[PDB]
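A.B. asks: Given chain B's structure and the hints, the job is docking chain A with the ligand onto it.
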Amino acid sequence: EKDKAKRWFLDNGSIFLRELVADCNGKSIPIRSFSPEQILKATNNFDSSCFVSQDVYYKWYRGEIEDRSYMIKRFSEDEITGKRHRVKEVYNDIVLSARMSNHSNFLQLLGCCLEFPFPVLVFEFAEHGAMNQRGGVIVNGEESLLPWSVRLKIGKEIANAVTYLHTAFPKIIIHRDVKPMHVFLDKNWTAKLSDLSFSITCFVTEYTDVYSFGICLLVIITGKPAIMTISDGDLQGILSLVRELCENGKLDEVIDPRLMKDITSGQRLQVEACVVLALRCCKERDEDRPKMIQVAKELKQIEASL
Amino acid sequence: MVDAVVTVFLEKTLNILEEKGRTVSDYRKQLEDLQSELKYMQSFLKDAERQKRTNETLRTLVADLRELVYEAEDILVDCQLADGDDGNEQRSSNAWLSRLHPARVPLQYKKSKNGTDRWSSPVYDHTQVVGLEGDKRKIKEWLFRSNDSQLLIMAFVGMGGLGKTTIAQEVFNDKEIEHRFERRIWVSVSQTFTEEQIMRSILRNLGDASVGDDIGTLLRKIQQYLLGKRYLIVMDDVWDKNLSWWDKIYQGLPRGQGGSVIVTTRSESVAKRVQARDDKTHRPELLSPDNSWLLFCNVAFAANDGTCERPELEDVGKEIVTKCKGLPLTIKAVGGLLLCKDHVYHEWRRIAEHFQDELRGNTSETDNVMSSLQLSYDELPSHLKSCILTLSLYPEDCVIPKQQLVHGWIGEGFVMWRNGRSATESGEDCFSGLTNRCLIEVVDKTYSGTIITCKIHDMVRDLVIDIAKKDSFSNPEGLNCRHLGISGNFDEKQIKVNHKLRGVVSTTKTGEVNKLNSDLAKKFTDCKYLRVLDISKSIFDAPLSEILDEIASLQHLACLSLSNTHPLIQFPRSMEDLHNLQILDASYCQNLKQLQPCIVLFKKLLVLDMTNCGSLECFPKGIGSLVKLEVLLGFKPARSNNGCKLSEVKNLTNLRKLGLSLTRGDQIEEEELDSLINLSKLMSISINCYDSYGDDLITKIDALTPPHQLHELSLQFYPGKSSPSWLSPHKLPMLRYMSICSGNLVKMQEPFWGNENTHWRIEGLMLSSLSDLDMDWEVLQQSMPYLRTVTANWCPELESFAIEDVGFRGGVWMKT
Ligand SMILES: Nc1ncnc2c1ncn2[C@@H]1O[C@H](COP(=O)(O)OP(=O)(O)O)[C@@H](O)[C@H]1O
Numbered sequence: 015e016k017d018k019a020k021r022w023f024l025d026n027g028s029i030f031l032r033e034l035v036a037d038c039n040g041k042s043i044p045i046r047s048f049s050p051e052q053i054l055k056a057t058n059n060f061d062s063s064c065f066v067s068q069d070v071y072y073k074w075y076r077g078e079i080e081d082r083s084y085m086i087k088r089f090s091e092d093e094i095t096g097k098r099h100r101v102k103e104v105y106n107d108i109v110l111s112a113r114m115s116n117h118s119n120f121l122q123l124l125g126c127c128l129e130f131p132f133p134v135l136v137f138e139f140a141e142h143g144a145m146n147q148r149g150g151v152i153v154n155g156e157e158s159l160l161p162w163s164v165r166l167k168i169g170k171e172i173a174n175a176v177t178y179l180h181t182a183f184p185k186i187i188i189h190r191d192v193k194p195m196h197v198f199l200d201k202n203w204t205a206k207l208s209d210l211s212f213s214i242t243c244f245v246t247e248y249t250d251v252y253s254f255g256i257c258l259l260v261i262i263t264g265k266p267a268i269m270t271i272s273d274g275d276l277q278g279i280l281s282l283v284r285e286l287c288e289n290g291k292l293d294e295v296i297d298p299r300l301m302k303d304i305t306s307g308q309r310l311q312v313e314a315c316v317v318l319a320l321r322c323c324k325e326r327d328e329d330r331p332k333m334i335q336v337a338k339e340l341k342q343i344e345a346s347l
Numbered sequence: 001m002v003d004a005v006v007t008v009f010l011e012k013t014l015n016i017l018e019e020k021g022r023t024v025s026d027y028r029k030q031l032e033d034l035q036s037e038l039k040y041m042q043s044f045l046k047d048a049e050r051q052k053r054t055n056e057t058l059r060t061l062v063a064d065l066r067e068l069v070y071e072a073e074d075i076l077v078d079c080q081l082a083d084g085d086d087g088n089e090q091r092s093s094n095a096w097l098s099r100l101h102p103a104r105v106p107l108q109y110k111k112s113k145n146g147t148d149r150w151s152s153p154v155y156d157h158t159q160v161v162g163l164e165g166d167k168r169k170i171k172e173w174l175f176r177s178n179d180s181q182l183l184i185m186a187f188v189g190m191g192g193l194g195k196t197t198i199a200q201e202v203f204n205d206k207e208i209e210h211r212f213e214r215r216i217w218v219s220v221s222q223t224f225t226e227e228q229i230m231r232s233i234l235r236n237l238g239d240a241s242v243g244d245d246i247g248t249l250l251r252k253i254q255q256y257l258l259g260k261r262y263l264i265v266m267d268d269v270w271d272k273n274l275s276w277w278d279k280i281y282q283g284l285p286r287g288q289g290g291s292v293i294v295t296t297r298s299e300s301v302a303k304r305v306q307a308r309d310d311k312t313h314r315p316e317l318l319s320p321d322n323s324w325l326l327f328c329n330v331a332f333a334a335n336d337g338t339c340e341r342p343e344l345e346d347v348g349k350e351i352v353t354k355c356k357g358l359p360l361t362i363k364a365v366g367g368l369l370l371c372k373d374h375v376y377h378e379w380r381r382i383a384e385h386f387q388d389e390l391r392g393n394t395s396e397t398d399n400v401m402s403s404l405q406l407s408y409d410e411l412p413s414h415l416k417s418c419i420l421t422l423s424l425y426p427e428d429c430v431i432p433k434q435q436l437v438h439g440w441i442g443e444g445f446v447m448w449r450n451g452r453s454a455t456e457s458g459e460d461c462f463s464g465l466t467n468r469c470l471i472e473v474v475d476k477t478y479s480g481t482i483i484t485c486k487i488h489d490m491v492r493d494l495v496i497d498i499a500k501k502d503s504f505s506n507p508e509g510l511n512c513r514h515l516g517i518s519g520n521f522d523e524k525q526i527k528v529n530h531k532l533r534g535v536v537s538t539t540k541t542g543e544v545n546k547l548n549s550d551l552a553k554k555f556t557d558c559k560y561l562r563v564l565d566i567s568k569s570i571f572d573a574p575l576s577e578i579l580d581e582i583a584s585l586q587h588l589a590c591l592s593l594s595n596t597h598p599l600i601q602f603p604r605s606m607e608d609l610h611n612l613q614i615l616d617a618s619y620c621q622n623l624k625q626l627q628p629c630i631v632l633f634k635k636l637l638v639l640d641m642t643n644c645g646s647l648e649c650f651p652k653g654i655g656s657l658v659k660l661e662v663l664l665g666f667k668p669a670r671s672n673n674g675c676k677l678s679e680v681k682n683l684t685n686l687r688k689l690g691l692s693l694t695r696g697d698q699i700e701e702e703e704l705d706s707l708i709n710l711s712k713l714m715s716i717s718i719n720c721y722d723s724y725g726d727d728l729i730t731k732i733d734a735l736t737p738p739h740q741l742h743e744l745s746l747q748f749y750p751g752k753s754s755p756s757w758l759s760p761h762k763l764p765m766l767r768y769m770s771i772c773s774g775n776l777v778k779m780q781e782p783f784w785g786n787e788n789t790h791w792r793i794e795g796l797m798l799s800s801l802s803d804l805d806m807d808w809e810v811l812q813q814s815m816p817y818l819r820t821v822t823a824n825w826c827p828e829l830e831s832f833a834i835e836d837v838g839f840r841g842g843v844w845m846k847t
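Chains B and A, in that order, give the protein sequences. As numbered in the entry's author numbering, residues 15 to 214, 242 to 347 make up the first sequence, in order. As numbered in the entry's author numbering, residues 1 to 113, 145 to 847 make up the second sequence, in order.
Because the hints were derived from the structure by calculation, they are not lab data.
If we take Cβ atoms under 10 Å as the criterion, some of the chain B residues that face chain A in the derived model are:
{"#": "1", "residue": "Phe23"}
{"#": "2", "residue": "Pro44"}
{"#": "3", "residue": "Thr181"}
{"#": "4", "residue": "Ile186"}
{"#": "5", "residue": "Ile334"}
Note that CB positions come from ideal geometry on N, CA and C, so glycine has one too.
Next up, chain B with everything else stripped away, as it sits in the complex:
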């Protein structure tokens, strides 16, 4: 049986090395190689309440090695085998997640077990897991609070990281779908983006990342999901509804009742300046959208305004 393991090992490490030398000229971050028994013991053979979320390709899992915990990410077999154009994105994920680790707003890759077919990533255990579709970790209990300053810090902390994907390196990277599925939470509530396996009209540009970030910035503030409909056909846009609320309701329904208890001095003027930024962030004309490097500057200007 074990002859199958080393034949996985040779091919997967050959493909991984051929991708990493092409993407970084060989020099990288320390990646620690796990035996597969440690990962199968750490999550009880992927068959428990250890899984946080899921997707079409991948599944997250809470991990336990000795006195140190992790966030194991495996890849599903039978939805990738047969599609080699997905197979190279499988490795593009595990190489971008190892080059992007030396910025603070990406969750650090601590290693990679490559004994399995379609190798299995590991990451740091940010103890507040995946943000749900409206904002807030689930809880060890059941519900989160999210005061406004924490929401503003997690608002601009993603905006720094998207510009780290766009302007840091001599080449640009198109993270195609920003969603709050992809943002974890560290112990001080610092945003850590993740699972950039997509990373690639039928053409994506720089501005379609901004069109996603605008909706991701208004979903944290409103707390109502990205498919917002109350018994009116189950599908209508949140964005146009926020446009009519800005045009008629005039900044009264935009904050949730969960954050209805920040009524100190003004405290809503920066909410106005943040929702107006979210609306200008989502214009239909691509020549009239603000560039991503200015969104983080304007949110820092908003946060330092008090």
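C.D. replies: Positioned in the frame of chain B, the structure of chain A with the ligand alone reads:
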């Protein structure tokens, strides 16, 4: 290079005649007269390679005197490690000494009447530039008018080394031209191009990897990462054979958004095929008879900063310059050689006369550049000849890393270290002495001024290949090779390997990997006098612990470098009985899950380099039993007894580079924080705390006191919130370079600014992607007097800096 081989063999006889493991025996008397005749060879070996040409009857004699010193070494170093009885070794060298008299007497009919270069100790970095400002503005102004056509093409046509790429890299790399063009692409296409990594070398600065597939998906990412933006493309040194890719790309990139294309080429007859409308073709000029001597003064003196103070050589300095006709690299090669002498009128007129008579047959103009480079190669000192000779193997206009060369130069004994000068510092003044003759130009630097990569000019390597092929040190297309190397994917050749073979390097062009087989990989261990087995970037078919089982056959290794090899887990089990092995470089091999415990045993090595080996459980315990090594990187000390601790590092008096990889708090034991205090020769530590869990790791880093005389440090991650309380100008006065990479560091302690009347003496500083710093800017300049550069990269909340946008893009802040 027969002087360059005899100078190596004379020191290998110095260090074995004085070793006194053999006091008085049979083959020692016949070795002292061998060195006494080779010392009498060297009074007339320099003019021998000056006269290899024009006399084949001298050429065969010098070729046999060269080839017999290799048989001298292969019986010297086999008798160094023996300490037995081998009667079949004296009477061989009896012949190979007695046959050297018919290898000198026919040479002494034909003539009939050390290795320390003391002009290598200051490095100069000669890249000045003169006489281009009008000719740089008048093709700035074409690129500011790029919208007036649908697509613009710049065609530069000149002779070899006329100054085309320099006027390219002063317009491609200008500020107000960078504001106009959003993206800009610098690609080098030559006769070895393969027509795909042209597109991948373009796309490497445009976003994504090129999977091996059809040309349409290759063009789709180029079209969507350049969709109507104002780009710039420089394709360099275009050759007309298999030119037809230029029309497969020119009908694919979009017109009508500005931008321009810069195509540099030599021959005139291809500029019409460039179809560039000749008024916008640009032929650069030969230098004037005043600017040429200005460049000659700027190179050749470089200590009075370009001023002829001694007037007795001004006439000869003008008279040499007016022979090489104002063509730039001839006068700069001659000036780089004249930097090395500088004083005596006789020594100036001698090489003026040799430059005059060596040039007298051209009937050409590229024979002028290949005559002056031959002059610069001949008049070079001895052991640097082999140093540029081993650079021939690197492919067409490649980017050559520095340690790849320097750990080779210490491999084959091309280096010299005798009297306390360390072997890693003497390995690189032999590089800075090649950057002074302008035979090697430096491309990449750091903040601290050290050098990472390197390349040479294209006309130089034709000389180096031509002088190598005649002397059988290169030309892998064939058999006779002293030192071989395999480039990208030459397993289809399956080159026959034999007993000469003093080295194998692997040369890849920054992104490619030469995959290999189990066929020829076993053939390396069939060699018996190999020195440098430098297999870098590699995909094999078997694990290396099965491939390299036969290193029992090898004994004369000087260096392994298994870096970035995939299929390895263990170093092979028969590395137990290697003896010499001066270097074990194995960095970035990120799943070798144990370091094999035989490296306690050999007391010879100098470099143990294991940066970022992400899975390696600590360095077996006897690492303090090798008092010679100097570069110890990627340490990872032990927990309790599963390896070695930092108390073991206290013995190594000879080290100067060090790299720790502290990951848990229990790695540092409390009673031995005293360790890094008496290393008198240390120069650069680096502390890489990437994985870091405990809170005691912060309280056990901060008690480490680096030595009194540390020249450089750097902190990679360091999860602590504040400064470690030994970053104070009291406890490390002579610190001159400092860099802090990513992490969680928030503010600096009050002893960091150190506001007594004492200060830092830091001349360089880097603050890359921290996210939580808060320090002022005037507090820096009051606390740190003579900073020169501050490269902050991605660090917000430092907006007091004069860097343009300090939180979202790098800057430099050169001092006024
Ligand atoms: N105008 C100039 N002033 C000073 N040096 C020059 C000038 N033009 C060329 N050089 C020198 O020529 C050397 C290389 O010439 P290069 O432009 O690379 O030739 P090519 O363009 O044929 O490759 C450079 O190191 C540079 O110092």
